[PDB]
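Omission of a single protein chain aside, the complex is shown with its protein chains in their original locations.
Just so it is clear, A and B label the chains in written order, and each chain counts residues from 1 on its own.
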Amino acid sequence: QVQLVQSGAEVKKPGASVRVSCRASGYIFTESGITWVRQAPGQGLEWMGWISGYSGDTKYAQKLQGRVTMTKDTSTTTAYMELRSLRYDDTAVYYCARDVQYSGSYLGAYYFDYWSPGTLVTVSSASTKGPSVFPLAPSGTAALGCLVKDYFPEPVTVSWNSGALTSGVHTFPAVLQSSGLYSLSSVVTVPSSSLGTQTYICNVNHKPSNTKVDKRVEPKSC
Amino acid sequence: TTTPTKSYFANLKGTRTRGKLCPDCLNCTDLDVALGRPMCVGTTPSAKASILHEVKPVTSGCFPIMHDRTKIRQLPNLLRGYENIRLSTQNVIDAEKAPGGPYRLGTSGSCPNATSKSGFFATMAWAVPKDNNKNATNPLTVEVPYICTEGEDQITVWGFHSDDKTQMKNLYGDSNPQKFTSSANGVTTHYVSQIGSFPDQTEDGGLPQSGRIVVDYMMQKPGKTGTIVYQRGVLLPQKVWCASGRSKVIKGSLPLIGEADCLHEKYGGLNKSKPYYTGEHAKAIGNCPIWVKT
Partner (left out) sequence: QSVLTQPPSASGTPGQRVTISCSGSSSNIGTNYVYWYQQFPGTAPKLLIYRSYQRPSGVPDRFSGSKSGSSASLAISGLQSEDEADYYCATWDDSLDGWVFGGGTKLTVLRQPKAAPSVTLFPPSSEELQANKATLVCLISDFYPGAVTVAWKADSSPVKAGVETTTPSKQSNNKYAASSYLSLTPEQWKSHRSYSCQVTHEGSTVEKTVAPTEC
């Protein structure tokens, strides 16, 4: 059975480097190659490069020449990918894949077959911060919300009116800025006549920073 | 009439096709076989078509070589040009009795066998002087007889080992750069060894080593002799290459998948399903479709 097993998940500060391992099983390693492909969270696939299990010959993607190095070890039938000078754009899942080609110029006349489970590499400088919570004021349905800005790590928790408001609540998954910090939002859809008489409070709980915030969301005046 | 889709290289339909010199010597590069690195001394079958897949062939084990000092990388591409190739079965000289006083034949931990953690290339004998002979010598001269058969070309592999100041003095009795010369087929080349300050180990067994090896081949035509003149550290030839006939060589890739009518330098394996093709008029081998302007 053709197997690929990678090293564990990694987390690194920007500027350091990662070495990801890829051990091979169930085929003749010295007559195949390895490619590496990476996938930014919620995005597409980016080819990184290939290395021969027969000769150690390599070819890297133009965007990654300089920063990447691939090596391999026939003894342990293992391949390694090194990525230097990590920036936030290097946060991705790193796959290795069995590539049928092992000598001659690498020109895409062959293809890669089986993909390994995937190793996640997180480049973050972040250091546990509580969020800043801002109200999203209402404008017959009306929408009002809570903006939960700039926290790390996940997750925060949102309730409304200490749990007594549930009908109409949507809390959206976090977005991960290019700064390594998260933000999310939460909206309740309410009766538009309920404004003015009824109060609305979002309750934000970010356990890792012990931050707890009750934010009043009230109509805007001019 | 379309431009073929580029595809993998393949076996040529009516013709034996050589990819690696020695299929069955896995864990081995072509250059490992050409040198006779241990674990790489297996059958080297005949083929009438060969694919040139390494422009700069690479070793992957044994004692660290300074490749760029000679034309050594090109040995397996030279070999692959012949239909028939074989490492000789008998040693081309007796190393221990060679000129230069009795030698013990050196071995290394970078060269594990399966009977040993320690060995050496089968093409060469690391001629280490016995402990009472270790000192400077005047240039020694040995003749390398032909030893191949039919009209075989004989390729003879040899070299010299060097080390840093202190090590040279233990092994040989001389910390001076040593001199070497080979002459065969009217071709003469001179060498002088270097002491210390060696470049980094590369493409080798991965055990740390103080010294370095330099390796060359000389071509001996049928009936013809070769000559090595040498001082301390010499690698004397042992198993030599015997080579005859001609193979067509084509730049291409590996692995060879399935069978094709034709081998095209750009499009790879190509069946003659259609009589004409367009595109890149590269070099082709076998039963091939006719190239045409778009």
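To be clear about the criterion, a contact is a pair of C-beta atoms (placed from the backbone, for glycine too) under 8 Å apart; a residue touches a chain by one contact, two chains touch by 3 or more.
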| item | value |
| --- | --- |
| Contact partner of the left-out chain, one of A:42, A:140, A:163 or A:196 | A:42 |
| Touching residue (missing chain; options A:29, A:54, A:95 or A:102) | A:95 |
| Residue among A:126, A:136 or A:165 touching the omitted chain | A:136 |
| Residue of A:15, A:26 or A:117 in touch with the missing chain, whole complex considered | A:117 |
| Contact footprint on chain B, counting only the chain that is left out | 3, 5-7 |
| Where the missing chain touches chain A, by residue | 35, 42, 44-47, 49, 59, 61-62, 95, 107-109, 111, 113-118, 132, 134-137, 143, 145, 147, 149, 170, 172-178, 183-185, 187, 220-222 |
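We take it that only the chains that are shown with their structure count from here on.
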| item | value |
| --- | --- |
| Separation of mean Cα positions, chain B and chain A [Å, integer] | 49 |
| In the complex with chain B, residue positions of chain A that touch it | 28, 30-31, 54-57, 74, 100-105, 107-110 |
| Complex contacts: residues of chain B adjacent to chain A | 6-9, 19, 26-29, 51, 53-54, 58, 60, 203, 251-255, 257, 268 |
